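Next comes just one chain, in structure tokens: the form deposited in one PDB entry.
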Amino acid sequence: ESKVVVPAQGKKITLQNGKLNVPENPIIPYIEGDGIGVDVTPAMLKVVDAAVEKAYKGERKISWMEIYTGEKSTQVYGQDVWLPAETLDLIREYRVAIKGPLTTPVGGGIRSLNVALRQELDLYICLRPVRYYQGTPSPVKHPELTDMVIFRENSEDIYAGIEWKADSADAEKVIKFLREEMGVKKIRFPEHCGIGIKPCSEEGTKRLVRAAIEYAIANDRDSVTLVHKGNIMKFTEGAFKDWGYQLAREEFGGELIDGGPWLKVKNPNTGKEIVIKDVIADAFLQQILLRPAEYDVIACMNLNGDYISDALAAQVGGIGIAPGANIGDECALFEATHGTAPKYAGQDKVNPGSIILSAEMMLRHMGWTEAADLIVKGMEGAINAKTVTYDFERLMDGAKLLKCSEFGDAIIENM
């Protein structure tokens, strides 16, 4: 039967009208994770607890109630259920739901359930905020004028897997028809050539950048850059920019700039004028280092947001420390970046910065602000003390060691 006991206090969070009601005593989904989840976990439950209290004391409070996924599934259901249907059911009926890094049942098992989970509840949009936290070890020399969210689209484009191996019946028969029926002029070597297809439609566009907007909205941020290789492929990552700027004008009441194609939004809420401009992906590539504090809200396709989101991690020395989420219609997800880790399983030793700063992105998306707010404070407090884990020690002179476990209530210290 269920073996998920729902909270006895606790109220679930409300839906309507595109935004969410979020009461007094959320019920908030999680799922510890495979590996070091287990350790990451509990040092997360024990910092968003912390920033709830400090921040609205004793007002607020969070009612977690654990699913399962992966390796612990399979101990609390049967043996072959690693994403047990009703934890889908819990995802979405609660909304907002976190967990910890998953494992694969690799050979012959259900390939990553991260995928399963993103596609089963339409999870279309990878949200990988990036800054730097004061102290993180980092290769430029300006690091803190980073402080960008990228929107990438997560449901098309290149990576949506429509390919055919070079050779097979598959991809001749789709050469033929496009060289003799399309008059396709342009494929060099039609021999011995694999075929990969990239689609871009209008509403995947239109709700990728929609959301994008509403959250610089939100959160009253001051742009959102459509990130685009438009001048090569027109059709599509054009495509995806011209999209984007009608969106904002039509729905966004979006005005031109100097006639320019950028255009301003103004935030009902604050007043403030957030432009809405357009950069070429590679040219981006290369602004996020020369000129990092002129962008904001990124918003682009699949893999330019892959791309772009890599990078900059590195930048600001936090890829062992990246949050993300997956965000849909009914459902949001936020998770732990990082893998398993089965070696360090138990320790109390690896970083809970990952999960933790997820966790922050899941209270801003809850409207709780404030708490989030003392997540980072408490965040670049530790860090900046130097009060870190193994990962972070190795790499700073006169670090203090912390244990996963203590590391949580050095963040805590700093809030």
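Residue numbers count along the first chain shown, from 1. First, how it differs from the form deposited in another entry.
- Annotated hinge between the two forms: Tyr124, selected from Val48, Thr103, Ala211, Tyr124 as the site between the two rigid parts.
If the one shown is the form deposited in one PDB entry, what is the structure of the form deposited in another entry?
Coming up is the bare chain, nothing alongside it.
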């Protein structure tokens, strides 16, 4: 049977014509998450409820509905149930959901549950905004210069999970086919050799870049940068870059700037010129440290987006406070972006900032911008007050050490 309880009071969010219809009493599924999920999720629930309560004076209220994935799912549904079918059904049915960090088992041939959720629900946009909160300790001199939004492709690239183990019958079969049927001469050592496949498609690329450009338009951003390693991977990474520029030209009236290759796209709402440009991935990892102010919206493939989002989070001292969304055409899943940190689980110690800012993204996605703004306001005030969790406090002079739950309260206090 199902162990999920549909809330008595509460109504389902619907989708008509690519627009969400959010009732005053939306049911929002949430996954508590394993490890420190037990610490950060309740802090998130309280902070969100408070922002919603304050923003709309009791007129609106989320009906939270617990659903399962990860270690907790095995405890609820039994031994080998890490990702129950009903969880996929419920996220699609209720349109908007949030999760803590997840335990994926090792030794049982199971692939990342985070990636499973993204792929099964076709949540092809991994959306990671990275900004600086004044007062956050940072290893760089000018973290305030970083204000970027990463659009990471979620459905393709080496993340597809297509690979075969060295010395397996399947690997030999693939290698045999490549060498004998495809005439491949470039495998340096064809014995005891693992093999992985990297796909990149026009449709996959264009739906991702389309979203990145519409976002820049909607939020009056200054540029979209395609980041790629196309000089070495001509037909995957290079094709991503070419398809990206082509989409700009074909759907958004992009026009050559000078002799190229950059394009200008006219914001139909503000008349601002949005620059469409590109940077090679290795150079980009240097540019985000050396010239962060020159970058805004980023569009890139799965693996590059993984690396870029994490490298940027570290700049802004945001390793434990980086928000994230996974968005598709039919539903969306917001998430803590850190791991399960089991050594601290239950100690009410870790930073709930990441999952709280993903909840800020969730509220904004719902059109509840007022409540979202209150969360941003609360976060800004609490950090500026130097009333923070251990991860910040240990890097600061004369700050005040707060528990996880207490930092949640400090956010509410600063709304």
